[PDB]
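Take a look at this one chain, the form solved without the partner chain, written out in structure tokens.
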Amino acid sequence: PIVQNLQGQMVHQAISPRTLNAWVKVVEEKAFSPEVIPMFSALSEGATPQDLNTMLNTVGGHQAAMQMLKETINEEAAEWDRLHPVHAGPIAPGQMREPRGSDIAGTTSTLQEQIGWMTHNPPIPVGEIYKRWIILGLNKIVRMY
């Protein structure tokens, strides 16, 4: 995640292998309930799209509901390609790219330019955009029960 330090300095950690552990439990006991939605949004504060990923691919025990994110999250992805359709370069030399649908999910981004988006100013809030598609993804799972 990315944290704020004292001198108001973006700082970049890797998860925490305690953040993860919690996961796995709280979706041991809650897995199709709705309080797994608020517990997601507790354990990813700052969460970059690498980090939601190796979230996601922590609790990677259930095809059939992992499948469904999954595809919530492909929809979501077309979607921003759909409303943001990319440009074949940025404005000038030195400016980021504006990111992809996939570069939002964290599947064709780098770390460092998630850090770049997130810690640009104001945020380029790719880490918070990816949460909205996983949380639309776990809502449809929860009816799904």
Contents of the next structure:
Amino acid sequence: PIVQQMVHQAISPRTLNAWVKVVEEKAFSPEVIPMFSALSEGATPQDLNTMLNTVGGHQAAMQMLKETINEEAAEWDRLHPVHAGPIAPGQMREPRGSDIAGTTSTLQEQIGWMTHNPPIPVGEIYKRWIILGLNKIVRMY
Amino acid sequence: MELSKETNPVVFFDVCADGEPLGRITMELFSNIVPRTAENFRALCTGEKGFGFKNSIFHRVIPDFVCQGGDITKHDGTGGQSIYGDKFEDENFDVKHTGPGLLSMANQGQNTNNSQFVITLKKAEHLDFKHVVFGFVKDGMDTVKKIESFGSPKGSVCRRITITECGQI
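Form solved in complex with the partner chain, following the form solved without the partner chain:
Time for the whole complex; same chain goes first.
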């Protein structure tokens, strides 16, 4: 995650362990969402992916989550069309839906958007998409 | 500039800001270095293919960096169209962004050149190996500086800057 000068740190194993704990023990409970929010303060898209990917099993649930993420990524692209460069000094290219989801963007790009003045909080945007997906999964049970 | 040649095509833009004339920009295109990219730009100036820069605008201007235009389809940076298609490949990166008054292709990454272009306002080495430089402003940099004054750091323009006339000399 990004911690405040804003500096990057890799995700903590303790954060991953706490997420795996709540997913395993209290599966499909509403309280998975607040625990996800509690454990993802300043998280990059990379961090969020690492959290989600650490869980073994629940692959049908992950597939649903992935489908929700793809819908929100496509919705981002629908509302944010790409503009041609060149990129000015000290500026970032526009993030696409797949960049926010941590698929096509580098860690350095993710850090760049999150710590820019003004920032594009790609970590927070992706978090909203994930929480939407988690809500769907909980809703059907 | 030692890349200049008498046989290179010379083209021009007459530019206006909300109807107020700003003057003529005269550009030489490096056909001797990048003939394919130069030919696209030349044809778009004359409009001989049935489309071109006539009545296009400078939709994005970042002072001390670039004056950008050539979005002949969407007029906002999301569009563009070349004589070879809506995309064509990067020809070469021989000519570098060494100073102001250079013509360089705008793009959205590798091999996505169309009609969008930039006139440089400063040396921009960070564009080297990414944008194809294909010409320079031979005369009328004063007009380019007038365009610059209507820009902002984020690229927004405070006047409608239209290429009211263009062609080949």
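Positions refer to the first chain, counted from 1. Think of the rigid core as the biggest set of C-alphas that the two forms share within 1.5 Å after superposition.
After superposition on the rigid core, the single residue among 46, 116, 90, 34 whose C-alpha moves by 2 Å or more between these two forms is 90.
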